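Okay, so here's just one chain, in structure tokens, the form deposited in one PDB entry.
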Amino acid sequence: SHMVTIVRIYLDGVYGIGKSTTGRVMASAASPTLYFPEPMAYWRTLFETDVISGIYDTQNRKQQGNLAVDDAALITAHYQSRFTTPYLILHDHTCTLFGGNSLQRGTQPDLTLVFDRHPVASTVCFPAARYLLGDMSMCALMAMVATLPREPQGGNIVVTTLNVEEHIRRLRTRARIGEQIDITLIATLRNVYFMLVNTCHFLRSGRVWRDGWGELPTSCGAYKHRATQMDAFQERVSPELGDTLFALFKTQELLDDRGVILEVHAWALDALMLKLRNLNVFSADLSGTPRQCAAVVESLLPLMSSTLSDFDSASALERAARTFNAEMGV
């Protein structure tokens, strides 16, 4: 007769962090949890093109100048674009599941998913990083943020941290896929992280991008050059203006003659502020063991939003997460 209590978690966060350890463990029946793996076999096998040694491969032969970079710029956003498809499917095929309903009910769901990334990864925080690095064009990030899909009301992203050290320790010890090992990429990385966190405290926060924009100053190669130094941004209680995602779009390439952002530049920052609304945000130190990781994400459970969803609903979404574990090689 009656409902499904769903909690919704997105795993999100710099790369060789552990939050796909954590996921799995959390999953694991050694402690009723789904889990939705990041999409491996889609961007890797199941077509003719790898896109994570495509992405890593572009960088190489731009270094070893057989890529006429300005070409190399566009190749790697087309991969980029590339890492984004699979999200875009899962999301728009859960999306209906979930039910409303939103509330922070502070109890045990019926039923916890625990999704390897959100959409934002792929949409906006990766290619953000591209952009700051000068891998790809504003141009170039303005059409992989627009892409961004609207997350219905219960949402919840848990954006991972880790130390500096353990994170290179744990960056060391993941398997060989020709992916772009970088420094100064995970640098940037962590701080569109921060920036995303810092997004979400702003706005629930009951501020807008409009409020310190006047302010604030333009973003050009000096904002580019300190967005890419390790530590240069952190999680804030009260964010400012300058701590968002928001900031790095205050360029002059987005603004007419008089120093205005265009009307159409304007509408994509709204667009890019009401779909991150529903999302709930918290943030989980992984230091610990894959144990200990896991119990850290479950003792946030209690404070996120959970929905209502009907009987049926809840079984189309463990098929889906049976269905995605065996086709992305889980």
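For the two forms, the rigid core is made up of the largest set of C-alpha atoms that agree within 1.5 Å on superposition. Residue numbers count along the first chain shown, from 1. First, how it differs from the form deposited in another entry.
- A 2 Å or larger CA shift between the two forms, after fitting on the rigid core, occurs at just one of 251, 137, 180, 101, namely 180.
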Contents of the next structure:
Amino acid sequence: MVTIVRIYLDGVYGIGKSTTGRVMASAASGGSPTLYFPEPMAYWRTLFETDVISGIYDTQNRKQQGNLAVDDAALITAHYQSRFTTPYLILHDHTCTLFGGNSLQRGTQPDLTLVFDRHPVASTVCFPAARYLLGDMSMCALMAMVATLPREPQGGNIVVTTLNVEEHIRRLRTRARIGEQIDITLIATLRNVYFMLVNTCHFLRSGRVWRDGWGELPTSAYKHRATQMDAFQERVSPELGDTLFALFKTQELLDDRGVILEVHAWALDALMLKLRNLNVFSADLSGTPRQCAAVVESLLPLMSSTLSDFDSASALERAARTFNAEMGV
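Mind giving me the form deposited in another entry, seeing as the form deposited in one PDB entry was just shown?
Partners and other molecules have been left off, which leaves just the chain.
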């Protein structure tokens, strides 16, 4: 038998996710034998007749320019948003058959650590949520995305990466073209959405449910605040209004009476059940890559581990080798 700790590293782009993950996988970094699963980049650019990275931001240009109807521009955007998801769903279907069960917090160092660049939450929930709040996407499209989030089986750990805005923009800046513009509005919205995610999991871990405070909560003004730089944070004890659930109390989902339809309630039930099994953490990436790797590394004692066998652990290693080689550039 083999003890396994699995970690999804997530957050806003340009913070230092991949670099931290690669260092964590290194071996110069010590700790437990670690396997890194990078972003499925080939899948997006190189394996099919289209570059989904192109399309996404490009559609936001064609719509601005007046190159495609705004009704069409919300539709082809959505389809690309959908394509981001596919490789994550596939990786998830594959590896969940191998983690094993017996989730526990065992405190000791595992036989083996897995590190995934991004959890399926990123492309099915967070990124679409951002786009909906900015007005690039409808509620109906968001629900299309959100419904495709898979259930996390027992044992999962998600580490959301944090960083002060100054340094984050500075980090994007160094990596940007000549005098290329940075989308401050998107990052600001994406930064809040990830705080809403961290808050949500805290909420659910404290035994609370999306109905706890629903009647009192105002209708979702809300979208203004969602784009406001630093309007949201990691909260000690989260209230419904600090979580993702709050964006769903809007008119498009309610009665004539003002009561949410039971069918959208079912949708919020599913989002809850699906995030239940994600043990949540924060990691500040202020340091150098080495120091970042250590900030995440020191979260291990509170992390959940599963018991798997030697044959599955090997199957996870071939998976990682297969994934790295098939997803590069």
